[PDB]
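Presented below, as structure tokens, is a lone chain in the form deposited in one PDB entry.
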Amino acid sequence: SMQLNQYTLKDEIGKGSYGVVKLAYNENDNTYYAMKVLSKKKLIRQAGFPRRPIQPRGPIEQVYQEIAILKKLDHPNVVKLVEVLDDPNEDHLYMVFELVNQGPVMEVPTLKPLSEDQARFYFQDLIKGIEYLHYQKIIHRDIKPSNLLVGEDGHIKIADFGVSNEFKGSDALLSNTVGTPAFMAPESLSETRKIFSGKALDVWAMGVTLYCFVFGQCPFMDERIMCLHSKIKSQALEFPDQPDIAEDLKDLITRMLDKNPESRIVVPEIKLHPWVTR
């Protein structure tokens, strides 16, 4: 192990493009937390070498976005940021989260999808979490199974706010394509620069997520980003023969994955859907 301020850093629980996640025991409150360790130089370098004398939110700015956003949130279905250790003289940046003990609900693809009942239970948490974020005027933009952490209590917490957008008024008005390709809504994948609303992007990703829950793979898939984007825009939704799923679940998924955001089901409607109300 190693000591970092009041934390004893132990088992490594995750490693990804961002940085590493360690189990951390806090000696002052005798509680365990997840500590994410990042290098600032590495995040900067990950953007690519700066060009000599539209540009995306670089990786370091995604990290700082996440900090700024999580400081203002408090909901049981959203991961809590507990502390940030950021010395201007150190390269390392440390983000301490509450421990969500079972880790991501699913790696996609999987041969072991969730049962309908487990899918519903987690989906209920997802709805509550997203309804809260939208109420707080945040569009998540990276909803997917791997960003949904299952706690010791069996409930989901939403993570990964790096490409999120805040808005004023009723909705975000967005023109940039960010997040995870398989989960990006068709209206964000237009040839010509267009403006699209934010909340509906999150509903679409929720739909892809719920399809993943019960089927273990995305409804639209291709190893090539550009062909994937084309399938998201042009392919009609299909369900496999097996596993058979309830008609009310197929209806919900169909309505979340309406390609036209004007008619796509909204969260108040999802909360009323028969599959959700059991």
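Residue numbers count along the first chain shown, from 1. C-alpha atoms forming the largest set that superposes within 1.5 Å between two forms make up the rigid core. Compared with the form deposited in another entry:
Of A200 and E66, one falls in each rigid part of the chain as it moves between these two forms.
Rigid-body analysis on C-alpha atoms gives a rotation of 10° for the smaller part relative to the larger between these two forms.
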Contents of the next structure:
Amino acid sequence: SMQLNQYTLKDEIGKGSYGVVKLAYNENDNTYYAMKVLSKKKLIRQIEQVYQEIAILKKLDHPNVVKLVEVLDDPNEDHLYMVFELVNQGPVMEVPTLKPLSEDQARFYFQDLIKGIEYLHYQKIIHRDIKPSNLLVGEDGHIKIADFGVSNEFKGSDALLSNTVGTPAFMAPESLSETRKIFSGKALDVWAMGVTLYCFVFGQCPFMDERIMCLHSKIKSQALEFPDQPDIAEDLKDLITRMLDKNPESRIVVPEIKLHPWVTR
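Please give the other form, namely the form deposited in another entry, since only the form deposited in one PDB entry has been shown so far.
Just the single chain follows, nothing else.
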């Protein structure tokens, strides 16, 4: 352990896109928090993107998004600390797994994910790393979205993006072109939500390959296939298929997802 003002840092509870997350005991109020720890020296090798993330996080207040509580940043020290609310049960699942969620459990969590993403997009944030391991289950059984390390703020109705970040298996095909292109940010989050929902019920990603180039090729050019087990409802298959439409112009949007019959039953 190690003391940091009123906090006692304990075991590591996650990695993430940048830095690590540690359990932290707060002596003043007698409870635990989650603390993201960053090295400025390590960031400088791999400043203002961190303060961009902090400005994003300070804007967000929703029950399905993890709350930033405070930031501890001494210009003397190499480490920067971001204190978040702790969400007890941690990630909803690891992928791959042989114990996927039931349809009913998946629907419950997906409903939380819709509300969270809808909120983020309203606040003009693209998350860019939606996946099961970034969705934390609270004491009340609801999910909270975490890890804004590669998230983008935009102006107007959508982000116009040209860079590829996040977790390879969750990247939309339009973001994997060989030549520089521009693509819509909201549709990227929808694609990642579709990969996430597939993972919820099958316990594995729809496109997988150990070789990065082949994974990209599959995401771009392999038709979606459902595994043999478990069997799932027709309406869930339809929803997943529409979220993993390779054409971002025809891909289902969040207002349409909210009205899908799998979501509303």
